[PDB]
Amino acid sequence: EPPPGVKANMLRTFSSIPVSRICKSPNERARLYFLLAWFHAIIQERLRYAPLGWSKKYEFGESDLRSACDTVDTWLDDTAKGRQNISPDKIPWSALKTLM
Amino acid sequence: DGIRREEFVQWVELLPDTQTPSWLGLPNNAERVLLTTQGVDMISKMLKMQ
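Heads up: the sequence lines are chains A and B, in that order.
With my numbering applied, the first sequence corresponds to residues 1 to 100, in that order.
With my numbering applied, the second sequence corresponds to residues 1 to 50, in that order.
FYI, nobody ran anything at the bench for these hints, they're computed from the structure.
For each residue, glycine too, the CB sits at the ideal point set by N, CA and C.
Quick list of in silico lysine-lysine cross-link-like pairs, DSBU-like style, CA-CA up to 30 Å:
1) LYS7/A <-> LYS97/A
2) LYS57/A <-> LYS48/B
3) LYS7/A <-> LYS57/A
4) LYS97/A <-> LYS57/A
5) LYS56/A <-> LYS7/A
6) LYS24/A <-> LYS97/A
7) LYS90/A <-> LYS24/A
8) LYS45/B <-> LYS56/A
9) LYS81/A <-> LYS24/A
10) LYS48/B <-> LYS56/A
11) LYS97/A <-> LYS56/A
12) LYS57/A <-> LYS45/B
Footprint (simulated), chain A over chain B, 3 or more residues, beta carbon under 8 Å:
13) 3-15
14) 27-36
All chains, please: the whole structure from these sequences, using the hints.
So, in structure tokens, the structure goes:
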């Protein structure tokens, strides 16, 4: 069984992602991945409290995290073509909120 | 505040042990409901053993 706890989930997600995919590009991709991991941990650990939380026991899993990582990667690459530290405002926040 | 994987990882391992339900935004007493549900589940599981 997976160990219960937010910290365990975030550690597992971080170990899942290769460092080459999390460190390349603008240096903000790392913090974007951290936000993705925290959001995944919140929506996957709330799942245990099925009545008070996700009304039905949804199936948010590894594939969803991989798809979200692919989305973040593609949209950050398209928004920031270079490798400079893209400003926070220029981050496609609306795209990530809408797609996810 | 970090610019690389390592800073965020060290922040993760530094998280306090006490994960209250207030972490998720749920009220802290949802743990009480979860424990009551699991207790009733244990009662039922024992009951079906006859």
